[PDB]
Every structure is written in structure tokens, then in C-alpha cells.
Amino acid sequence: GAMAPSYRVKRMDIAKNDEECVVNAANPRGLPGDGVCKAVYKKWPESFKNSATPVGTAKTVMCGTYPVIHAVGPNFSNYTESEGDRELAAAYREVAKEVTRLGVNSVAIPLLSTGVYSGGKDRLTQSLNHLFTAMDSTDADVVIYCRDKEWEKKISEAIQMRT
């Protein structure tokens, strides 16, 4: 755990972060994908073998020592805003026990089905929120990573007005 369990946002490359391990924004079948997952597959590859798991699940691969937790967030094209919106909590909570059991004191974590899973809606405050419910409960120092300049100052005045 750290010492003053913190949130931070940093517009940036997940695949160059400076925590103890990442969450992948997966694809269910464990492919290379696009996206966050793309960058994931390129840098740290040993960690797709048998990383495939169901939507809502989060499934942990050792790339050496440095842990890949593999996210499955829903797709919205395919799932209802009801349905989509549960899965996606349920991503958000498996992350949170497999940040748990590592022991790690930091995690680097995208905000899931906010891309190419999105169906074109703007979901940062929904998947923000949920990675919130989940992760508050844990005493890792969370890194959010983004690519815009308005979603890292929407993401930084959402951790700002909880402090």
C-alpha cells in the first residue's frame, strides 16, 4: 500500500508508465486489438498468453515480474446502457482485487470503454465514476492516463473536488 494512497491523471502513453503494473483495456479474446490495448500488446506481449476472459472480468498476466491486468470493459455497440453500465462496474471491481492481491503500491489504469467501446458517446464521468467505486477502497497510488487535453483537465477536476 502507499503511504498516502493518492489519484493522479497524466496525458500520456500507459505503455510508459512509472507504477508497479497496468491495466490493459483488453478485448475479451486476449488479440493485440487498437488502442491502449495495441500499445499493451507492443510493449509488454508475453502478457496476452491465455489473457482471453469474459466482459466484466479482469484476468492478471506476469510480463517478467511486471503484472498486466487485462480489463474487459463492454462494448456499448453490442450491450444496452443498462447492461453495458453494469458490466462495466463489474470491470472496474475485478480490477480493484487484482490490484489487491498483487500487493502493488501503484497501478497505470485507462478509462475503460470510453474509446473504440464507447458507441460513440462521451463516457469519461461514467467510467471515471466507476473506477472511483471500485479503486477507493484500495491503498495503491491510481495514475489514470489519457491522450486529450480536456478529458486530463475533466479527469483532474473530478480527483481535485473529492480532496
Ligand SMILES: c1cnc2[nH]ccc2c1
Given for the second form:
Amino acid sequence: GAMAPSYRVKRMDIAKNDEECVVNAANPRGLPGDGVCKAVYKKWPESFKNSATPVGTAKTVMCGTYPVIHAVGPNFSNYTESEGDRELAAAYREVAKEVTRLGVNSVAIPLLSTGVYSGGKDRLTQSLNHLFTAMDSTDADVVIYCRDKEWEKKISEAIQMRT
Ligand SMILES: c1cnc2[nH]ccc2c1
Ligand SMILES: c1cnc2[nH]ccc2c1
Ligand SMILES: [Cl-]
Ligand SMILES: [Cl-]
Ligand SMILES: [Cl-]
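With the form deposited without ligand GVH done, generate the form solved in complex with ligand GVH in the same format.
First the chain shown before, then all remaining chains and molecules of the complex.
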């Protein structure tokens, strides 16, 4: 584990992360997809062999010795707010299990269900709080990757508030 486990946020492509493993914002079918998923497909295409897995689960596939944890958040265009919220919490708990099993000291993670799966709503706080609930009991250094400068400021503030 990390010497002093931390949360950090960076505004850059998760495909260029400096961590020992990556979480993909996957689709259930292991398809190349869009956004984070397409960047992951371009960087680690070997990791999409038998990566298909249901909503609310995570499945790890190695690209060489580099682990890609395919985490399937709910599409809020299909789920109720209540059922979506349950599956989103579950996907992050499955990520925590995988990160623990792999024995990594660090992990790069996007905010699940906040892009094209958001059902047109701002889910920064919802997704981030489920991330914390899952990862708080792990000792890996967590680095959150986002696109938007306003999201970087809000994620940074939320991390600092707990410190
Ligand atoms: C691709 C993905 N995420 C990004 N954040 C800042 C620039 C950039 C490009
Ligand atoms: C957030 C972080 N990294 C990304 N790569 C491609 C899109 C995206 C969004
Ligand atoms: Cl970048
Ligand atoms: Cl998404
Ligand atoms: Cl983002």
C-alpha cells in the first residue's frame, strides 16, 4: 500500500495517468464506446479481450502487466434515480475489491456515470461520494481524472474539506 494514502485530482487524459492501474468507465459489452472508454481502448486495446460484465460490476483484464479495471456504471437514461444510485455505489465497491486484490499502491479513476451515462444531470457530488465510500478503506493512492476546469476545482475542494 501507499506510505500515506491520499486522494488527488488531475485535469488530463486518464490514458496518460502516472498510476499502477486504471479504472475504465466501461460499457457492459466490452465495446470501444466514447469518452474515457474510447481513450482506454486506444491506449490498452488488449484489455478488451472478454471485458464484457454487467452493470454494477468491475472486471480486470491485463494489458501486458498493466491492470485495466473495467467498471460498469448505470446509464441514468435507462435506470430510475433509486436503482441507478444503487448500481453506481455497487460499481465503486467492486473497484475497491479489485484494487485490493491486485496489491497496487496507486489507481487512476474517472467519475462513473457523469458523462453520456448521466441522463443529462450533474452527478459530480453523487458519483464522488460513492467513490469515497468505496475507496476510503483501501490504502492505494487514488488519482481522479476529469476533463473540465470547474469540475477540477469542485473535486479538489471536496477532497480538501475532509483533510
Ligand atoms: C483529453 C481528456 N481529458 C483532458 N483534460 C484536459 C485535456 C484533455 C484531453
Ligand atoms: C476524463 C478523463 N479522461 C478522459 N479521456 C478521454 C475523455 C476523458 C474524460
Ligand atoms: Cl491531457
Ligand atoms: Cl459516463
Ligand atoms: Cl470528467
